[PDB]
Every structure is written in C-alpha cells, then in structure tokens.
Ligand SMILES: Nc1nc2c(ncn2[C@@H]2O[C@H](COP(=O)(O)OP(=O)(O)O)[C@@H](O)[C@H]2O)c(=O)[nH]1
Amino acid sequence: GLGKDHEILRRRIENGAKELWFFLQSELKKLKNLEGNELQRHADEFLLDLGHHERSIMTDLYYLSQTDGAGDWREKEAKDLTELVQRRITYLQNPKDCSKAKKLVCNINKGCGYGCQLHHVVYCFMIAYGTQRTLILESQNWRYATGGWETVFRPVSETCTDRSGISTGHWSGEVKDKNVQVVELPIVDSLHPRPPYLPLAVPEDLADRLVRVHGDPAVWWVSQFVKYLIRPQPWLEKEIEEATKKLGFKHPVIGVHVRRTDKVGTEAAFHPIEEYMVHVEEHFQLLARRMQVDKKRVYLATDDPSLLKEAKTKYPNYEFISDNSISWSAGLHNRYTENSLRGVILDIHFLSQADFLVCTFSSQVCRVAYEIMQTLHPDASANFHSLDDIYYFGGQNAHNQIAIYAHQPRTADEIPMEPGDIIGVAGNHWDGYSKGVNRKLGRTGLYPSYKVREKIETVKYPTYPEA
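Could you give me the structure of that single chain in the form deposited with the ligand bound?
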C-alpha cells in the first residue's frame, strides 16, 4: 500500500520541477533581450529566485526519503548491516589459536601524513578481510607516536597481535601465498599482484542491501574498517568528550576543512575562504527550510592558523568553532608529535560529526572525516561538497560510470557518449560537466554529469558464517 504523504510529496516534486521549467523558459527568453546593467541585474535576481525554488524541491525530496516509515527502516537496516560487518571483522581479528592463524602484517610507517597512513592500514585491513587473514598492525616507531598504535587507539585485536607463524613471505598473490601463514603486505602504490579486495568494489553478498540503503556503497564499505580501527583509548574518549563541551559543538553545524601549507604545491591548489563559505551558506539555507537555525555554526579545521581571525571578520553572522592551537601545531614543523596526533584526531572527529562537510577531497584528512561520517547516519553519501576531487580511495581500481543518455559534443572539449558506454571518470567540475574517458573510444574530455550513472562493482568476499 502506498502512503498518502508519499504520493503528495512525489506529485509536488513533479509539479515543482514542471513549474521550475515553466520559470526557466520564460525568464531566459527575457534575459537575451537585455545587456549591460539590466542583464546583470535581472540574471542575479533570476539566480536568487532559482535558488529558493531549487531548495524547495530538495526539501520535498528529503521529506520523501523519510515518509511512510522509510527513515526508521533505513536506520534499522543500516544498523543491522554495520553490526553484521563489525562482528565479522571482530571474529576475523580474534582467532582461537594465534600461533596457528593465517595473518597479514601491515607497517604503518608509510612516508606520508596521518590520513594517508590511516588509509594504508584500511587497505591492509580490507585485503586481510578478503583473504581471511588476521590483520597484524606493526606501529612501533610511528612518526606521530613512537609508542605506536595503542598511544591513541585500541589494538586491532584482543587475542592475536603476535606475528608468529610456521612460514612467512612477502605478498605475491592469494593463490601463490595460499600456504604462507604470515604474509607481509607492502604499500598499495607498487603492489603486484593486486587482489580484487580493493575499493571501490563492495562485497557481493552485501551489495543488494547496500545500494538499497546507501547512496555510495563504496564509501560505506571503506568506513566499516575505519570504524573498527579508530576505537579510541579511554584517555582519548575523555579528551573528545571534554573538547565537545569546551568547543560548544552542537547541531546544526557544518564542517569546513581548509587544507593548505605543503599541499598547495603539487597535490592541490589554494582556495580562498569565500569558495568554501558559498556552499556553507547555501546548505544552511537548505536546512532552514526543514528546521529552526538560529546560530549558523561552522567547525573550521585548518593548517593555516591565520584563517580563523580572517573568517570571523568576513562572516560575522557565523559562529566559528575552532582550536587555533591545533591549527598552529598542524604546521609542517610541529606536525609529527603526539600532541599534533591528538589534534588531527580531534579535527577529523568533529568534521565527521558535522551535518555537512565542505572541503577538498584531494586531502586525506577530509576523506577520512567523510568516511567516518558514513558510520554516524543511515545514508550520509551526499552530505558533502568537495571543491576539487570526487571521492576516491588511493590505490582503488578504475572508477567507472555508465552512460545512460546519448551526448553529441558541442565543442571539441566534450566527448561523445552512447548509452551503455563505460566511462572512466576523472572528476566532477561541479558546473554540470564531468571529465573522463570513454572506454569505447579512448577520448578524454567533458560530458554532462547527469548523463551517466555510477557502476557499482562487486567482489566475492568471504562471508564469515562462523560469526
């Protein structure tokens, strides 16, 4: 049986889109009869009117996802799936006889920062899960804390943290290492041979439930291992608890990560605070349609300690929540200390706890916070805006989309598409167009983002029925 509110909202979304289309044709015809001041004046009003109209449509779509008991079901199903995966990971990590268990050894000391190192451990963990090997994490001489993983986080196992085994060797494939008890896994950047237990694929035994519950099952699958990893030590839980109080961290709140310093060189670009705040302002307007928002709170995480004073001045109607001492210690000089390790764990924690995350996905810091966020809600796939890259996991397999609508290129920078063409996406320009390659042609260029759908990849993982 269909719900009454479900049908009212569906038809209102249809009529709102139709009316928006009536509005677009009428106003665009008027616009091309203008030039100079009048053209700029009316197009600005046109854009303002369109914004509210578009957000009313987005608000009805939000209500549609909650009506008819769908919100409670999606919450229950996401909770059941999380507990299913966590129990499997815990069973894998705690065999009865550690001296006889197949193992995978991971070294945390990758030459990069915390988020990059955390994603290395995640990649180790997912391959360990894929091969039914207990993850052994070797973290001594960790650049952030010489005492290792247990300085901040609980150990990845309770019964089996020892590397003992009758045979040991470097990774050389799941079939060749079939009878090697202890396999050491290197970093993903030069792994050969690559096993299938890599992003962005998900387990096929969970895929049907995931696509039904979650808008990007790839990130959800990655987040399950992030969730298991960052179980905090008791002293760290209390720091997080204390910081939440002293920071005045309450909802609604939008998280903003401004990555600079050594990233601006080659891995990303410099972005003014205005580029972040336009999306912060836009999302608070959306929230104000469904809830009361008296104070617009922004948790600002950044490695530029001069940004907080700048943001408070240029956006005085916002309440910025930030730890400027953490920002200062994030500088390349004082970056690899236990106090700085606490700082980045705290910054990522509050970013992940926000109701919306504005940042650059080229930074591993924001990707981690976006992954953790997936463990805090039934489906937080779209609660982000990245100023550059789409979501990715470094070392992932080819991220492919499928063309659903044909495209004939208007300029030379666009690529043709036929329905069914596999499209290897490179990025979303957030202007209606995405850049990628057509795997029937080899051509790279732009194409309308709405003319493709995400190709969900699946992999036959072990299901751990004993758990």
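In this text, rigid core is short for the largest set of C-alphas that superpose within 1.5 Å between two forms. Positions refer to the first chain, counted from 1. What changes on going to the form solved without the ligand:
A 2 Å or larger CA shift between these two forms, after fitting on the rigid core, occurs at just one of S167, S306, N334, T313, namely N334. Put the two forms on the same core and the Cα of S325 is off by 2 Å or more between these two forms.
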Second form
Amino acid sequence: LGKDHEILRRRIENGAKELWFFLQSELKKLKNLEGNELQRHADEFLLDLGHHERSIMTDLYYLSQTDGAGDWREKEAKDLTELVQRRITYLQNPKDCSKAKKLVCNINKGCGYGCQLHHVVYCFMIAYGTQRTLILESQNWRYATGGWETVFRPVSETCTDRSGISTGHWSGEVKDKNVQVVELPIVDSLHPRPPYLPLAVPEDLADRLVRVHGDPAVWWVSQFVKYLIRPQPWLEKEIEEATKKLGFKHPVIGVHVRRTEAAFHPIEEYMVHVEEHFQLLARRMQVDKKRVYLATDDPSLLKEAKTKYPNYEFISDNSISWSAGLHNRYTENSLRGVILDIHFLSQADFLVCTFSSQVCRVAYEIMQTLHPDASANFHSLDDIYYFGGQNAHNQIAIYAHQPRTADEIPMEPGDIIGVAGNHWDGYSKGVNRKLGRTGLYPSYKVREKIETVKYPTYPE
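Could I see the form solved without the ligand next, after the form deposited with the ligand bound?
No partners, no molecules, just the chain.
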C-alpha cells in the first residue's frame, strides 16, 4: 500500500466531511436570510464551495497518479491501442486482394464532414465485426474531389479495389456468409442491424478497458477514427505550421460554438466552464496565460470573446488558405478549417462544446487517443456522448429514488434506466424500463451499464 495513496485517500474523505460540515452549517444560516443579504451570502457560499470541491477533485487527480498508477495507465492504454490497431492493420491488408472478403462503404452521405466521417467509422466497425476488409468509395467527394486518399492515407496498403466473385447489398452476416463483397448502406436504414454497433465494446477487451478508461464505449469508436484520420504527409506539415503560426500552446481549452428567453448558447455559458476548469488546473500547475481555442461558424464571435474576456488569450483558425499555395488544389477548403478546428479541439486539455454537434464528438473521440483516459475531459451544454445509430444507451439504478414531484421517476436498485440525457444540475432524464415511465432522476443514483459483443478476436 502506498504512502501517498493512503494520505490522499483520507484527505479526500476528510475533505468531503469538512465540506459536509460547512454545508449544513452555512445552509442553516441561509434559512434565516432576506433578499438583499441572502444574495451576498449565497454567492460567497458558492465562491467558497467552488474552491473546496476543486481541492477534492485535485486530490482525486493526485490519487489517480500515485503508486505509478499514472505510468501504468499510460503503458496499458498505449498497449490496447497498439493491439487494436495491429488487429485493424491486419484485417485491412490481406495478401490476395482479389479473393478477400470485403465490405463496401460509400463516403458521400448527404451531410457535413463529421457526419460522413462517422458513417465511415460505422462501416469500419461492421467490417471489423464481420471479418471483411473495408473498401472506401470516395469518388467526387464534396471536400476533396480526387478522393479521400488526396487528404488521408488510404484505408489499405494492399487492397483498395472493389472487385470479387460476387457482390450483394448487406442482408445479414449469416446470409452474406458466402457473398465475397457486401455493400453497406447508411445506418439510418439498415434493416438486418448487426451486433457491431456503439455503444457496445469487444467482449475480449472489456476488463482491460474498464480498468483503464472512464468510457470504453467512446474509446472503442476512437480506435476507428484513429486509423482513418492518418494524414497524407502534406496534411501533417500543414498542421505543424498552423500550430506554430496560431501560437497553439499548452495549457489550452477547446471551445466550439455551433450557431445559426433561450440559453445553452451565449458565450458566457461556455466560458463559465472554461474558467472553472482553468481554476481547477491552477491547483496542480502554474497557468502562465489562460488559453482558449475558439472554433465557430461565426466570425463576429471572436471579436466579442476577446472583448468580454480580456483575461484570456483566444486563438483561432483565421487562415484563408493552406500554407503552401499548391495545396488549395487538393481540397475544396471549407475543409481546411474543419480539419484544423477538429485537430486543435481534440488536442486541448479540456473541451467545452455542444455534443449535439458532429464536429465536437469527433474532437472528443480523437482526444481519447491522445491520453490514457480523457473520458471526463469535456463539458457539453446539451447531449451526453452518443454515436448516431447506437443501440439504446442504458443505465442501472444503483440507489432507490422516491420522486418528490411527479415529473421525476422512481427507481429501485437494479432497474434498467434508458437515459435520454443529463441536465448538468444533479438530474438526468430517461425511462424507467421496468415501469415504462419517463422523467427526471438524480444522476448519482444510477450507474453506467457497459455493453459487450463477441467481436472477432483476430489472433493475427
């Protein structure tokens, strides 16, 4: 047992006791207060709780690193990656291309860059699940006409061709048992659905993942994003100098505002969490200058942000073409900015965005491959992580709830709870499957139900 581990463990425990004492004390003061006075007292109270909880989180952070835990987690994540990539790399590059089981994916889905990327990932997952080499059809692609491989490595080194002895539309793995080249439609209408969809995870990989990762579901998706998104050497060198040119430097927080009464929306709502996290980082390292990478479809916002937060240094893709003239010929450059935004977002120490946005989900999924466990490394102003087309996202009720209003669901330990969302206010919304009722419950009383599937193992 580690010295620091036990010190940290008790300081966490005593930090929460102290918090709880301070809580009931100052809460009993608030009961005897009147408008004006009650205001000042509640904000000071909040101020003070802020720092207090930050001290608990900081201890939890230190605890996650002590007996070489940090190093172990790093070697173990690095490990599972090298593993899953080898497996992918294997499947992708067979010897006899002409005779190899294939699954065919078409890129040009009627939707934005992130949306298409996920469609490939989705084809990719099912390929891997079904033991077929992914073949990627990217001809006349809105972003780079000239093919996917004008921007990123080919998805194969030894089998990029569509051909084969027979060719069906997807009709179920067992039925296509014997079709050498299956053609896969978009998820939206896929009408024998295969088990290989999010948010499940390979049965053979689960123990290891749960041990290393806050959300194996996203970690799994991120393996396919990882393989795909390998850059052509020109893309690499453009990234490096945009890094230089824009000044992008750690520590940085990614903010992504997807635009055109209401509020999960105005800039302040984003910057609330940026400040909180920056405060938190300041407990464990010196923050020289507070850095944000702002990604928006709105040029008016970067001027406003700089005004409202003169504390903060904002950094943005302002670039009006690639670094070398040559390259604007490769890409129809709404794509330049999207590649760079996603890059720099995924690269940041923390990410504040709106998960209902494809782009932000890509940034987060990439992020997962940049650290041992960056599952908790975001704040989204609406959705929890999801993947378009996933099977139902289910939770397990861990403690009893008795509703205090009828807008809330009851539950019992064990209850399967279909979660629609978290409200970032102590409450989540979802369905009590046992009861066929939908309402609020407190987010703490429930626990993530991890889904697994018997994927092919590929022993090489």
